[PDB]
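Asks: Listed below, chain by chain, are the residues.
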Amino acid sequence: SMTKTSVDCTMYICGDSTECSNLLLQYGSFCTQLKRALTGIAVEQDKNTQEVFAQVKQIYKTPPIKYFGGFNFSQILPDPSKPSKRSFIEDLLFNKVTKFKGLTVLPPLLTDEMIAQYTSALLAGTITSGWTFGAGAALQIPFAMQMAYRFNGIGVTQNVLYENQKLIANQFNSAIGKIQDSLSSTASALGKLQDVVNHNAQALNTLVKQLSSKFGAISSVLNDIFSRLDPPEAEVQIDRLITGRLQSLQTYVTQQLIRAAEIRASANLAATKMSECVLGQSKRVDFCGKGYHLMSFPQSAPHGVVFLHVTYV
Amino acid sequence: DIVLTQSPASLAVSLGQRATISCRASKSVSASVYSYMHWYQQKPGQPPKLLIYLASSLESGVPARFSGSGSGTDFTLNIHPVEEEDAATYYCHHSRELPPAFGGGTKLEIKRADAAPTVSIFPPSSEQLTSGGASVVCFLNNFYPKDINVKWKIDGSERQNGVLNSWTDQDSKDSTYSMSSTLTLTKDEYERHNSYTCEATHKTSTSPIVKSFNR
Amino acid sequence: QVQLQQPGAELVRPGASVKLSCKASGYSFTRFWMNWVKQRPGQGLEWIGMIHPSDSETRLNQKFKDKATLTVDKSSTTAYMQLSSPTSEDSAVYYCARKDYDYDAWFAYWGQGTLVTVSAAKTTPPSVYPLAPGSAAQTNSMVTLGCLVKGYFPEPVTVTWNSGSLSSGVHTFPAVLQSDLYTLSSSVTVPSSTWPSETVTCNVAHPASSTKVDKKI
Amino acid sequence: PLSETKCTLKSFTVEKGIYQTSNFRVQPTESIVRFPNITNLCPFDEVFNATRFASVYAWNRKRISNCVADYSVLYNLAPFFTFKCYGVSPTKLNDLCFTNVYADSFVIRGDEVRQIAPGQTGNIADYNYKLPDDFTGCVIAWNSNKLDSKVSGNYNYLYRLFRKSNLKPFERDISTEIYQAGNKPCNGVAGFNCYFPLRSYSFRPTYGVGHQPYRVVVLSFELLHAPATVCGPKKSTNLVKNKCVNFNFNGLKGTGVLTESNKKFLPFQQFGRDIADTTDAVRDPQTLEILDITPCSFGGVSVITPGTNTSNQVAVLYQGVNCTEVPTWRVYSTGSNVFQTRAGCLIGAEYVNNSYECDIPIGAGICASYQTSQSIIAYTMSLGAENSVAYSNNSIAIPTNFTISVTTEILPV
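Residue numbers (the deposited numbering), protein chains in the order written: chain A, 730 to 827, 854 to 1068; chain b, 1 to 215; chain a, 1 to 217; chain B, 295 to 620, 631 to 676, 689 to 729.
Pulled out of the complex, with its shape left as it was, chain A reads as follows:
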């Protein structure tokens, strides 16, 4: 998802004067199309949160007595002692990703606490309930034959799993700790989500810097035009200045619609990997991660989901 914004034509173009509001209504439906376009972005940003973050409508939780079969799952599970529900990886994910003119930033419908409750429901079925909770009711699957389904899909018999249970528990628990050590130092792995903020940082600073420009008029202030010129002479200079401010809005909204087509193309690829890779076993190559696919762990982030791909190499 991206940042939901709303732009009014009244406070942006006009300096709260009666001359600017009378000449704005002669242009008609130019600001009718711009308010309906930014509304239609903000509806589809909430539809991207529904199709990605919440796959199922049923919330599953972890049992208090935890036997994981030799794995440490406590880093991907949320902390009950904190008032917000956050895992140990998502504490590192949240900290690395960081007006008066009528520009209003809309708040999101789905809060970050409610995103992680969609995350902790899907991680509770991935550890315990297995691959079967996305189809029908959830089945109770014990851990020793849960890993045998992921080996039988890629062509590995059950002889490999049961003898190696000391060796797999050393390799898998060290592999999760290399993810936490990489995200604590290198911040450029999360920089794809930092470009989502930086595209909205230059877009909201676009319309601020246009108001200081004169746009061909003798002054950029509407109180310095109508009071310094004749009322026949002001109708030339104000109508050049509004038309320059209408073209600044036509560059902004067209840029947001093309970036909405890019971010919904990525959200359809995000909801595909939440359905295919996380909820079941997929045989695809370089989709669910490089190598033979075992499972997938979703982790919530700002404006996205950090995937953890467990692979067989």
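One or more hints might be untrue.
[To be verified] With a cut-off of at most 25 Å between alpha-carbon atoms, the simulated DSS-like pairs for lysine-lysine come out as follows:
hint, chain 1, residue 1, chain 2, residue 2
1, A, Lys933, A, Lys825
2, b, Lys151, b, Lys187
3, b, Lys49, b, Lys173
4, b, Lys27, B, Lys535
5, a, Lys216, b, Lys187
6, a, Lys122, a, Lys212
7, B, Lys529, a, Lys74
8, A, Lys854, B, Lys547
9, B, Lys547, B, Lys535
10, B, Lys535, A, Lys856
11, B, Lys557, a, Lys23
12, A, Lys1028, A, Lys1038
13, B, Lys537, A, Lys856
14, A, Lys856, B, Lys547
15, A, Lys854, B, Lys557
16, B, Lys356, B, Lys462
17, B, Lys310, A, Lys776
18, B, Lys537, A, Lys854
19, B, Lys462, A, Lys856
20, B, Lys528, B, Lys378
21, b, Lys146, b, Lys173
22, B, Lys535, A, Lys854
23, B, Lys537, a, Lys63
24, A, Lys764, B, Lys300
25, B, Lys386, A, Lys969
26, A, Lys964, B, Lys458
27, a, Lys23, b, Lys43
28, A, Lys814, A, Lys790
29, A, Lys795, A, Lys811
30, B, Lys529, a, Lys99
31, a, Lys23, b, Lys49
32, B, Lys535, B, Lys557
33, B, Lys537, a, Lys99
34, B, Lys535, b, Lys49
35, a, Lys63, b, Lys27
36, A, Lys969, B, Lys547
37, a, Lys99, b, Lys49
[As the list claims (entries may be wrong)] Away from chain a, derived, C-beta distances all over 12 Å, residues of chain B:
hint, residue
38, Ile332
39, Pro337
40, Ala411
Calculated from the structure, these hints are not laboratory results.
We treat Cβ as the ideally placed atom computed from N, Cα and C, and that holds for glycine.
Based on the hints, put chains b, a and B in the right spot on chain A.
Replies: Relative to chain A, chains b, a and B alone:
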């Protein structure tokens, strides 16, 4: 907001000296070069007046003996030379935080030499004795300081029942104090007693002042 | 000369509502703001509220929420203050002040003052009795006389000496509350040439009941 | 607010959902004009009413500042032949503010007065007096033909026809040097390949309207290069702080409130700008005192309603504005329906503590619907049912009963 606290509550400055009364603020009132403090002087029975605005300046109509200084949260009120008409309550006010607050107040008195009170006791009029009551009222005027005691003894026996005292503020010209005492008794108790003795206890006189009449 | 005018004293029972008047003159009514200052004796000054009279928008204290209601009259150029259900701690001295705004806000002008006494008592006309010594010991060259003012409500009462003839050598004493009544005394010292020549009388004017009592000493 | 929904959508019927209506309008009450007290009148009548002037090659340039003037006797009252203005509105000359004025006193005949305008070409308009494109001011002219003329011609004033190159504007030429066309030296006098540049005016009463002399004084105005001096007798009123009102500060306008200034500023600073390059702070012109400017009228109007065939009840959503400080509709601002959200104050809806599935979204976890004597309620959106399943090594669940489910998916082409 900012709660103002002035110390002390009462201050006695003799004539010819310099008075310093501080109004302390909880937060810094300094902004836009000129901080925000005003000084208000209010006489009893009178509305207050504007004296010092923005702490470096003087209002026209106010004499030049009233002045102030200070920076930050510590402000000083410098009054010199002290005169006998300067006795009144002092107030401080900040417009900095909304909603604004008012100061606690500080009373200034003039310390002079002590004086002996004049004791006069008045028998009640016959118009009160027609209605059935009697009031034996003794006047004590022209004394400093305000610590004084009035003893009522009827026929050699001290009776403190029904004694009402009223003390005033400091006079402008005389710079002294006055206190009256009222003893109210029935007409049937008026004819059964004779001597009404008004006694005064002051720090200047070791023996009490005896002023009495006979019925 | 801009001067704010207020009535002298108002009487109200607890649980009812009281209304005060502040009259502005000499300056335009919508160009300033009105502030209300509460003075309880011994506590110091307290701040009631501040109202823009043109927009009728109020700014009130947090403790004083819902006790006071501020309305204005732009036609008569007179600001009002309405109190709702006062208590025994709400008896105080009320002021109104014009705030002239240039940078810091000072208090430029003030009113005459209003003393509101909250109680269930009824207005009693005063009973004034003279005070005379009746004799002299000839130890002083001047004559001391007095008056006695008791049985009245509400305070203050106006006590003058020979209709305000003697402005020097007089003493005004505060009233003591006993059994919903007030009692105050006053004194004067006149020389011995004046006292056979002029007759000193007790002139007491009660503003609440409109009763003037003249008793000669 | 049901009728405000139909005005924005331009439709007769309202469907089920949240719609954006309008924004807040805070009307200003008073007007503030701050001007310093100057008891000195400007001496503009010295250069206007004088008998003897100067010529176009060297004029009399006078500086008028730190005074007040009256433009009603110059402009409104008009015993003048020609008044013209270019960049300044001539009606508003008593209103607007400038720093200084430079009056140029010169006499130009009536054939040559058509070259006085910015960006001209002529004899006077090139080698004598130029007006640039950024020049700001007015042109005042008056007919001197009944006074300053002479029967034998007036030789007291002379003008320059010839110059070697184009003269820079606002510069006087005092040079007596003879223009040399060829290689022959002129030796101070006219001769072969030598022209005499400074000739005399043609002024006679017997000619037509082109040779009539006109006294022409052109005023030069300077806008926002400095704090203003001359200005005009507009108004002087006291300040109004913490109220949204119209501002006029030394000719610069604005709308907002006056607040305290905690930042250290320059003593010569007239005003200052924020990150949006508009005025957030101003200095008082009368005495040196600084109050900030914070603008007003922020926030939108959002409505929450069901369809028109259901009920007329409309919930009003305020966006980003705290409702403790407070459209012409005051009825739903009475209170007791007020619930505080992250997006703003939601009025017209009763908050409940239950958790259900809603219809009309708001934001920040708070969602509204229409439930049961029925009213719009707002609550927190449910995530579905909670299931607590025990898991062990010795337990497995194999389903013994099957069913066939048929769904429907619609993809547009």
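Asks: None of the hints should be skipped; say for each whether it holds.
Replies: Against the structure, the hints:
Taken as a hint, the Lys933 of chain A and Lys825 of chain A pair is honoured in the structure, with Cα atoms around 17 Å apart against an allowance of 25 Å. Taking the CA atoms of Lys151 of chain b and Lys187 of chain b, the gap is near 22 Å; set against the 25 Å cutoff, the hint holds. Distance check on the hinted pair: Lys49 of chain b and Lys173 of chain b sit about 21 Å apart at the alpha-carbon level, within 25 Å; holds. Restraint check for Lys27 of chain b and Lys535 of chain B: satisfied, since their Cα atoms lie roughly 22 Å apart, inside the 25 Å limit.
With a CA separation close to 22 Å, the supplied pair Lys216 of chain a and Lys187 of chain b stays within the 25 Å bound. Between the alpha carbons of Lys122 of chain a and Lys212 of chain a the distance comes to roughly 18 Å, so the proposed pair stays at or under 25 Å and holds. For the hint linking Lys529 of chain B to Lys74 of chain a, the alpha-carbon distance of about 23 Å falls within 25 Å, and the restraint holds. Simply put, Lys854 of chain A and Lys547 of chain B have alpha-carbon atoms about 20 Å apart, close enough for the 25 Å limit, and the pair holds.
Under the criterion of a C-alpha separation no larger than 25 Å, the hint pairing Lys547 of chain B with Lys535 of chain B is consistent with the structure, at around 16 Å. Note on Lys535 of chain B and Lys856 of chain A: the hinted pairing holds, with a Cα-Cα distance of about 22 Å set against a maximum of 25 Å. A threshold of 25 Å between alpha carbons decides the hint, and for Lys557 of chain B with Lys23 of chain a the separation of about 40 Å lies outside it, so the pair is violated. Our distance criterion of 25 Å between C-alpha atoms is met by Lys1028 of chain A and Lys1038 of chain A, whose separation comes to about 13 Å.
For the hint linking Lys537 of chain B to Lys856 of chain A, the alpha-carbon distance of about 19 Å falls within 25 Å, and the restraint holds. This hinted pair checks out: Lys856 of chain A and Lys547 of chain B have alpha carbons roughly 17 Å apart, not beyond 25 Å. Using a Cα cut-off of 25 Å, the hinted pair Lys854 of chain A and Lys557 of chain B holds, with the two alpha carbons roughly 21 Å apart. For a cut-off of 25 Å, the pair hint linking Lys356 of chain B to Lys462 of chain B stands: about 19 Å separates their Cα positions.
A C-alpha spacing of about 18 Å is found between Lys310 of chain B and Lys776 of chain A, which places the hinted pair at or below 25 Å, so the restraint holds. A threshold of 25 Å between alpha carbons decides the hint, and for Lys537 of chain B with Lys854 of chain A the separation of about 20 Å falls inside it, so the pair holds. Using a Cα cut-off of 25 Å, the hinted pair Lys462 of chain B and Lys856 of chain A is violated, with the two alpha carbons roughly 44 Å apart. The suggested pairing of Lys528 of chain B with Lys378 of chain B holds, with an alpha-carbon distance near 23 Å, which does not exceed 25 Å.
A distance of roughly 17 Å separates the Cα atoms of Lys146 of chain b and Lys173 of chain b; the hinted pair therefore holds under the 25 Å criterion. A threshold of 25 Å between alpha carbons decides the hint, and for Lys535 of chain B with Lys854 of chain A the separation of about 23 Å falls inside it, so the pair holds. For the hint pairing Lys537 of chain B with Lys63 of chain a, the CA-to-CA distance comes to about 23 Å; that is within 25 Å, so the pair holds. Using a Cα cut-off of 25 Å, the hinted pair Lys764 of chain A and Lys300 of chain B holds, with the two alpha carbons roughly 16 Å apart.
This hinted pair checks out: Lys386 of chain B and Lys969 of chain A have alpha carbons roughly 22 Å apart, not beyond 25 Å. A distance of roughly 47 Å separates the Cα atoms of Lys964 of chain A and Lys458 of chain B; the hinted pair therefore is violated under the 25 Å criterion. Restraint check for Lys23 of chain a and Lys43 of chain b: the C-alpha separation of about 23 Å stays at or below 25 Å, so the hint holds. The hinted pair formed by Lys814 of chain A and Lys790 of chain A meets the criterion: a straight-line CA distance of about 12 Å does not exceed 25 Å.
Only pairs whose Cα atoms come within 25 Å are accepted, and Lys795 of chain A paired with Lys811 of chain A is accepted, the gap being roughly 19 Å. Between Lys529 of chain B and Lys99 of chain a the CA atoms are separated by roughly 21 Å; this keeps the pair inside 25 Å, and the hint holds. Taking the CA atoms of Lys23 of chain a and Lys49 of chain b, the gap is about 19 Å. The hint holds against a cut of 25 Å. With a CA separation close to 18 Å, the supplied pair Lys535 of chain B and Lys557 of chain B stays within the 25 Å bound.
Taking the CA atoms of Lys537 of chain B and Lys99 of chain a, the gap is near 14 Å; set against the 25 Å cutoff, the hint holds. At roughly 23 Å between alpha-carbon atoms, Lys535 of chain B and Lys49 of chain b fall within 25 Å of each other, so this suggested pair holds. Restraint check for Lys63 of chain a and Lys27 of chain b: satisfied, since their Cα atoms lie roughly 21 Å apart, inside the 25 Å limit. A hinted pair counts as satisfied when its Cα atoms are at most 25 Å apart, and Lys969 of chain A with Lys547 of chain B qualifies at roughly 17 Å.
The straight-line distance between the Cα atoms of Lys99 of chain a and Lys49 of chain b is roughly 13 Å, inside the 25 Å bound, and the hint therefore holds. Interface exclusion of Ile332 of chain B from chain a stands, the closest Cβ pair being 18 Å apart, more than 12 Å. At the 12 Å boundary, the C-beta of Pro337 of chain B stays outside the reach of chain a, the nearest C-beta of that chain being 31 Å off. Listed as a non-interface residue, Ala411 of chain B keeps its Cβ farther than 12 Å from every Cβ of chain a; the least gap is roughly 45 Å.
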